[PDB]
Structures are given as structure tokens and as C-alpha cells.
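Protein chains: 6
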Amino acid sequence: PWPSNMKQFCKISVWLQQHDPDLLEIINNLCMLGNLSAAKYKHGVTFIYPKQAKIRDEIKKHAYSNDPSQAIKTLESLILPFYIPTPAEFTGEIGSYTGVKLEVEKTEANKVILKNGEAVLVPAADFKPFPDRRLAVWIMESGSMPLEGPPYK
Amino acid sequence: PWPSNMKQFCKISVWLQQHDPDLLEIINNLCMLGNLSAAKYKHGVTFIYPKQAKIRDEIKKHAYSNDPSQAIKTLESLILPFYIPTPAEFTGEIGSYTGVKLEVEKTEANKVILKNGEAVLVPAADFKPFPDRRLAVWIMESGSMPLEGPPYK
Amino acid sequence: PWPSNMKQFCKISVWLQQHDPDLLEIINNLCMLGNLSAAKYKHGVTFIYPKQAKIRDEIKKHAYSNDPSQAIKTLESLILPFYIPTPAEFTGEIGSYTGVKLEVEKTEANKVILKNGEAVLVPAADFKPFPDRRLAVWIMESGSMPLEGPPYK
Amino acid sequence: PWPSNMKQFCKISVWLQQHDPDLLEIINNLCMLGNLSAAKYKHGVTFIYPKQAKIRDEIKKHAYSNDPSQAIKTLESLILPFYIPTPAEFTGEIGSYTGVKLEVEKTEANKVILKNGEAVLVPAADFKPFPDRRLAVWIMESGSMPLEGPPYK
Amino acid sequence: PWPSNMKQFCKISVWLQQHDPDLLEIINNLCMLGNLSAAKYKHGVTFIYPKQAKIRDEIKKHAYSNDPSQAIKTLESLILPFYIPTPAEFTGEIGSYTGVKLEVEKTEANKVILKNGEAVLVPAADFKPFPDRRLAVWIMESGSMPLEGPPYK
Amino acid sequence: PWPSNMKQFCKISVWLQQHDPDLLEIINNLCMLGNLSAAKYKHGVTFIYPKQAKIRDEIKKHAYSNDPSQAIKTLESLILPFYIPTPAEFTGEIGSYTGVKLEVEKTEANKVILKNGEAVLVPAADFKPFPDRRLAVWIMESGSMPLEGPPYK
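Protein chains in written order, with the deposited numbering: chain A, -1 to 151; chain B, -1 to 151; chain B', -1 to 151; chain B'', -1 to 151; chain A', -1 to 151; chain A'', -1 to 151. A prime marks a further copy of an entry chain.
Bear in mind the hints are in silico, worked out from the structure with no lab data behind them.
Hints are not guaranteed to be accurate.
Said to hold, decoys possible - Simulated pairs of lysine-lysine, PhoX-like, Cα-Cα distance not exceeding 25 Å:
(1) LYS99(B) / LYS38(B)
(2) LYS40(A) / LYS104(A')
(3) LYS59(B'') / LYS5(A'')
Build out the structure end to end from the sequences listed, making use of the hints.
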């Protein structure tokens, strides 16, 4: 009824449960849940959620295929072992669980645009972590996250 | 995965399930499923879906309340025992289950703005009925549907 | 969360779902949902809910058994094609789906003890029908409902 | 646990749920549940279940496609408005919802091979109806049911 | 059917799943599942289940609010990082995951009453752990667990 | 629809979810999920799935009884803390989570037969792990896995 969803999240999965459960089920079925989770010695986690259903559908198609490794690498490109809560923080030697270094083309107050795919990233308006949870969620509005390229140090 | 949602529909409930399952459960729990279904005698069914969760949540609050009569009336005003696929057919003595006559203020080829609540209705971009099934679903972007007023004939 | 259960009811099944969903599934699986529903011709429906899980479990054992005819008979004896809201109306030629006439031993303003099984019935504290819907639900605290005996007229 | 599946059935859908819940959901989503149910006027219902997932998957692909009319036709050819419990009753002017007359090539006491698709039908080892309920379920091991051909009378 | 629930639990969540699933879902959604779980270097776990639905509902209201931290502290006050299986064991420097030390007012053979909230605690009759699982579950029948006060050493 | 199941599994639970969910739920409810999971310092995991529903049903009966320890030991006898992908690998000092050493009676290209229960084991045709996942799943077609006997070193 009136209390559908959570408004503050201690984990990114609770947020993803409320937006694309199927995507979360595939993240779990491919043993990638650990990648979403904040662990000590890891900087924190930032997740890139594809707004466009065509991109998410393609991950699903591949995840249920005879070669799901294509879904693993797309998924690895959407998860950053860094805490990147704002556009200002989206700089330096950072990248996804593919080792690829992300390069910012244009940076705006509430938007980041990336080289190598022209991904348009905006912070997810309804993802609010707890204080001292180092979690972030961005919506990818268009383009694609980089799959290949030179890595970060 | 990729095949999640039906593209064509023989009942509105199957559409509703893909958009607001909670709203569909409440409709069923209030013995109002029959109001969404094409009987022989009944011309057809048009359902108005409130886009702003504010309105859908308020229906859910009232449905699980000690007096659910207000949820029933709101739902009655969102179900039309007439087949109104486009704005051109939105004219004459047509109304909801409440019986209040609908009075259109402006039409706009794909948009309809009604008097008595200033409801703004746009056909649903993902609802196509089976042929020979007189079912329509509109999205109410803003405003509200008429609750009381002169009856239609 | 806070809004979990409906406070008012237009069908007994919605009440049953909040108390014993398994029992409701078995009722449906045995094509006995219709027996809980107010038809035009039928006076009303009163359902007797067995409080002791012992009796509900025994119905479930028998329902999934190779001969479910005994589950059907027990369920028949717990559904009454009459609207009996309080002990005062618990009199005359009234009975269950089996057809055995119910004979009250003691009434007690909010309690009814029947002959032929020593069933102890108390109205359900959380079942209120919509007005003009002739639906009642009693809790059988002990005893059992009549299985066989002289029919009512 | 141990009591999971019903051993006797008053409706085919309860059997289908224990074997292919997805197929049952699609049947319901296509307003074809009524075709599996014994009406007064209708003689009885026999349902043909495709054993090879290849055929059931192809129905699901077509059901969620932009033209589900082909799923409807396949399902029509698997539902028989006649009560055909054994091979001996598989004769005369009997057919599916499509209306094509079924022509048996070989019978074999517990096996039936039809013309016009070479369907191989064997009664389902776990479907027993309630007595006085004219319901049958066969397993199609190979082949396909007739889609088009001369009608039965 | 007849085997509804587990009778012996290796974790407290299996017990809570059978009594208040929603409460368990909120415990998981707030990353408090670890607190219920026995870990080496932790004494063991004791969980206080509020019998009264009004208390549990308030946790839910707060958990789905803009400030769920109120639900976290109520939940922390219901979980004890100690193994406290009987009234005799409910003594000494013990308390919840708020640091607050619990003080016993009256101790009975099957009941404990606490200062600072007048909580009435009785061992949950259907919670039986495995041998050498250091798990306990009490029902809080009335009053409240302490939220604030001097801590244990 | 067409993408029912996963074709490649990073965990054995995803496979078991697609064949006996209830068995998986009981494995989780008895805190035996960890045994299915590959951990560093553990060789790998091999799971023996009983083809025969009578064996799996007996585990369920016992798991929901007052003494579920009988289900724990049967379950321990079905899980091997070794990676055993083929018949050639099924030799040496290996066994289940009971310490009992498995002895091969007859070994075939696609089948292994065991002493002390005459278990007939065949690799599960639809279990394909990822490269460098050390996971295997066999179907036990008849007989039983050893419960008692001399242990492996």
C-alpha cells in the first residue's frame, strides 16, 4: 500500500530490488552479488544502472544463453569498486571491474559524460545511502560504459 | 529475461499486472475485477491509470483502511463501461462507474483534458488490445477524474 | 508494513488469505471456491474456521491424499449457505453443505455451542463485511462440526 | 515436503500448475482458461501436453510476441472439447478447438498415434480425475497436433 | 499441508520466517541479518520478538520512512549478542546491541520482567535450537525493551 | 518464456533451484548451503542429486519432523567436499561430509557404481560449470549413498 519502497538503503541490492528485480536475480545467479557489496579494503561501490530497457534486456538474453560470459563482462562494466557519489568525485584513476579507466568528456553539476562509449550518467534521484555507507548509484541515460581500453593504476 | 511483458492484451488486468500489481490486487480484493472485464451486454471497458504514485498510494491507504468506501469510489471513477480508444471517441453521453458525465475541455489528437478535475489523459504507449476486443487504457498524467456531477444518459 | 490486512471484506476468501493461505489454496484446488461466494439465489455464506491447526492440517493431509473425498466432506461441513452473523440468528432449519441440521446446545451472546460434535463457535474478531454483503466467519475453538445427521428443511 | 502434488483432480489447471506453471500463466493471459473447464453444455475436456520443451517454449515465445495469434492457435489445437480418457474413445467426429477432425493412425491400448502431424499420445501417468468429472490429459511425446484440415461434424 | 513449519532451527531467521516474514524482510533490508547470526567470538544470539502487533507495525512504519534509523535502534534493542536460554541465565552484564545493560525486576520459572520498560519476557514455546547451537528466542508479551540507560562492561 | 533456465552455473544452488527448489529451501533451512559452496582450502564440491522422488521426499519428511538430524545426515552423504567431474576422478581417498570413504564397484565412461549402497551415479547432463569453477553434479539413479563405514584419510 502506501509504504511500497525503502527510502534509505544500507545495500545497493535493496535499491535494485525496487527497480529491476530480474536484473538483481541474474546478478545473484552469476555470483556477482559480492561485487555490489561494500567490503573493508574496498573503496566502496558505485553501480551504473542502464535506464534503457534494451541494454538490460540484452544482458538477460546473454545471461540465459549458452555463453553467459558476455553478460558477466557487461555487468562488470557497470560496477565500480569505488565510492563515486558526485560528478566532482568522478575523476582520477577509477574504473569498473573490467580494469578499464574511465575518462570524463564533459562534467556538469548533476551529470557526467564519458569517453569511450559516450555514456551519460546522472545520480539516481531516489538512491540515498545511510551516513558512512560508501555507496552510489547512477542512471546511465544513453551511450554505453567502456568495455575495452587502457587500465587504471 | 527478454520476454517479460505481453505486447497485446485480451484483458486489462494483464496490462495492470505489468504496471501496478498492488493496484490489481486491491481491485480484486474489493470485488471490482468484474468492472474491468468485457461482458456481452457492456459496450467495452476503458481504464484510466493514475501515473502519479501519489494518487495510487492514496487509493491503497484507503483500501486497507477501516472505511474502504472511498477507495471503491475512486476506482469507480477510473473505470469506464465504454470503449474509448482515441480522443475522437471521447464525446457524447459517456462516463465512469460513478455515472458522472465526462466533459472534455480540450482534445489534441493524442491528448484529452477533461472538465471537473482537469484530468490529462494520454493513451498508454504499451497497451494494444487483441482485435475485436473493445478495451482501452489511458494514462492520467495530472489532475483527477470526476467524482460527482450530472449523470450521463 | 503497517497496511497489511484489509479491515472490511466483500469476500470470505480475502479474509482466509490473511489467516490460512494454504487452506485457501486447497479450497480452490478442490473446486470449492464457489461455495464461499454469495450467489443471487443463495441466502448468504457463513464460514467456520478451525482454530486448532490439528484440524486444518488433517484437511490438508486428506486433500493431497489419493482419496480427497474426506477433505471435501470436512470443508462442506464448515461452509454454510446461510448468513449467520450472531448467535441470535443461529436457529431454525439452518445447516452446512452436507445438509445436516445444526442443533445449538448453548448460546452465550457471543458464543455458540452446537450439538453433534460439541463445536464451540465465536465470531471472528477481525471479520467485518461490507454492508449489504451477507457474509459471516466464526472461529471454531474446539469440537467439530456435524458430519452426518437428519437434514434441515 | 512430502505432500506437494494432488493425486486427484477436479480441474486440469491444477494438474498443469504442477507441471508447467508458465504454460498455465500464458493460457490465463490469453483468456483461454475457460477452454480447459467443463461447462454444462460442453461434453468434457481433454488436454494434450507437449512433453518436449521445444514445443512449449515456442508457444511462450509466440505468446509474448507482437502477434500472439499463433500461440492461440497452437493452444487451441491442444485442447479438446471432448472427454477422451483412453484410446478406445479416440474415434468418430472428435476434434480440438481449431475444429480439424482427428484421424488416428495406430492405437496401442495405451498409445495413440494420429494422422496429420504424427502426434504420439500417451495418457498422463499422474492425472486421475474425480469421478463424474469428464477430464483427460495426454502427453504428446513427439509430433504435433493437427493445425488445419477438414472439420469434424 | 501437514508439514508446514520446521520444529528445530539452526538459525533464528528460519523461526522468524514462520512468524513474521515481513519483519524478517525488514531485518534483511536494513543489513541487520548478521546480528541474528551466531558467529565465533560472539557469545551467541538471543532475539526478543514483540508479541504485540502494534510494536512490530511501528518498526515497519519507521523502516519504510525517510528516517529508518528509528527502526534500526528499536531492532538493535531486540537482539542480544548473548545466549540467554532461560530466566536463570538472564543476569549479569548483558544487554542488546544498544549498549544498554538489562536489569531484571522479577524472575520466574518461565518468565522474566525487566526494569526500564517493564518488558515481560517468556521463552518462545516453539523455538527449539539444535544441540550446541547457542540460540534463544523470547516473546515480549508487554512493555518495551530498554533503549537508553547505562551500559554493560 | 523461451529463456527458462540458466545453461552455465557459477554455484550448484542455481542448478538445484531449477530442479528441486524445495530441496534447496531445506538445505538452506538446515544451514547446509555453505557445504554446497566452493571455498578456498576446500577441494571443490560435488553434489549427488537423488533422481528418485521417494528418496528426496523422505529427506523432506525428516527435515520437517521433530528430529531433522536424520535429514542432515542423509544430506551430508549427498555432498562431497571434492571436485569429481568424471568417472576417472571418482577414485582415491574421497567421500561425503560424513567421513565415509566411497568405494567404486564398476566404473564406466559415463557411469559410476558404488559399494555400500550400490548407488548408480551419472553426471548431470545439464550441469555445466564455468571454467575454473570446481563444481560437479551427479544424478543418483538407484541405490543409496553410503551413510556408515570406514573413513578416508
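Consistency of the hints with the structure:
no.	hint	result
1	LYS99(B) / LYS38(B)	holds (23 Å)
2	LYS40(A) / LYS104(A')	violated (48 Å)
3	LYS59(B'') / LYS5(A'')	holds (18 Å)
When each numbered hint is compared with the structure, a violation occurs for hint 2 only.
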